[PDB]
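Here's a solo chain for you in structure tokens, the form deposited without this ligand.
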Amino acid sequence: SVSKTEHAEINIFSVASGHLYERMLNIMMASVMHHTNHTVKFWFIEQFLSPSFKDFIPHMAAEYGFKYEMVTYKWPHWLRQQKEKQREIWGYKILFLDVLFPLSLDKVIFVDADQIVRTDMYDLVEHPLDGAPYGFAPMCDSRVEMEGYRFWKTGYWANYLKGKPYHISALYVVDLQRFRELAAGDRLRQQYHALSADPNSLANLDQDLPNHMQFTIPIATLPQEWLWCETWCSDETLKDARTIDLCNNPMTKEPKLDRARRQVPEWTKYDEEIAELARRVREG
């Protein structure tokens, strides 16, 4: 309750790089606030954001009734760098969970910038982790026609996992008290540093690292309904989805905004609402 009183009942962080992902990030935030009456604070990885986004966030905060904070954490010099901006952004999602946030914050949830929330996120804050420092949803198996693209069901990953789930990194709850209690941050940084000496390792950096460490840094497998993506999940399970991720479909390669408008009926409503707020602020 000290964390809830000082920060908020729900604390969410995200990362966005590019005007398209910033546009989706405002939509994600509006979707969270339309589905909760609990207090919310959004945390941003500051250095990737545009000046316009950072100028607009106080307007979003006053319109939607949320608190916010910008975190600017410098990549430690000892730790192997990522030349590709995509991989550096993935590093910011998983390698610094213990240092991005204050010691007074007990829990934080990563929600992808391209996500659409359809649930009260305080349900994830209250979800029992049974001692795990973090919880991730598994990758769906329900869309049977995409089995050939489930790389984790054969080869390296099938042997490595021994039947454990291969989790998606679009959404994850981190019990920061337990993550700190376990030294998970230091351990994830040292494993990443050693593994990344091979440039063929950790292809999906943010996702592969926690899945690789799940025998020593436990993952609480969240209910499947916490994360639904069309690529892997059946149409039939969309009605149960608490959140939607617009993940890439390797079979169709359909553009991001087309996936958003086609799959999510309320997407244009949030987009037009944020554009209406922008026009209202611009005149004044």
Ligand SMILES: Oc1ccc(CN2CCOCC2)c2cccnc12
Given for the second form:
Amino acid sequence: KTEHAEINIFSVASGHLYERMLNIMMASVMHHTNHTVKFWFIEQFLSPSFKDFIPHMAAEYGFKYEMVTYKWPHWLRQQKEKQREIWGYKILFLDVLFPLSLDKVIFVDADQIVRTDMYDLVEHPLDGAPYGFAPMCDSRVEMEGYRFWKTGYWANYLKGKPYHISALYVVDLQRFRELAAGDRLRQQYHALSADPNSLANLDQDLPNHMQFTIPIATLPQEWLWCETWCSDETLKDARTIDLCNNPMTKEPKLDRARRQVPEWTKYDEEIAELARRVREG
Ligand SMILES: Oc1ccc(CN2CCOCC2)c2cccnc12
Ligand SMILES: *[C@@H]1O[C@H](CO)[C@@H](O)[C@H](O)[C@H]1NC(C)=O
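Same protein, different state: after the form deposited without this ligand, show the form deposited with this ligand bound.
The next block holds the full complex; its first chain is the one shown before.
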């Protein structure tokens, strides 16, 4: 709030491929809003070339940005696998990554394509919840055998509550801080992670596990569409598209992107055009 941007988004990206998609995600956000936007980056995972290109993206698309470098606390159980350490940075440090003056931030996955004004998510009512996540789609009936949350320990644990996808989430940082949600998420993660088989999908399982005591505002389903779980019929209503992994087809990432999203090549070529403009200038 105050002199802060109207829309504040953070993401995490590790690898040339995810950085290529991260620039596309940012271009898609700016093409769909006239509100002021600030992007926040988890600095230590990015390549030097990406960090050098960010000011060029910022000047071309008209956004502000900030690099955050937060050290994993020594007391807190560390993750030896890089993927799990990155997932830890998405969910365990929401209260310490951002300044106390920032009232709200949205996580948007690097492989997302935005087709809506993200200020609609800033304005979405959370009814006192410190954060809001979209549910996992049930609309693609053919994928029911892969919905692990509909049977076993998740079905018993959830008691009919939705199992939310972690690709996108809005965090009301004032309410998250008001509730000590960060200290409580770190403490439950620290205890649960003593079993190395627990929290298989760290970023996703932790908030879904804590949703009886750290409320989740279940976002409208249209906030997150992924082909793996969501029907073709619902794509026209999708505000954002996530290129989530399909355990049945195992189709490559770039193939999914080009095939599913018609504007993907347009953003990819636009960013490559900007890169060639900076290189020769
Ligand atoms: O509330 C929960 C927290 C963590 C996990 C991870 N489990 C992995 C298997 O061993 C037990 C821990 C859950 C899994 C299914 C359902 N609820 C869960
Ligand atoms: C942004 O402003 C322009 C010019 O006023 C308008 O044509 C466009 O529809 C606006 N876009 C959004 C997302 O408000």
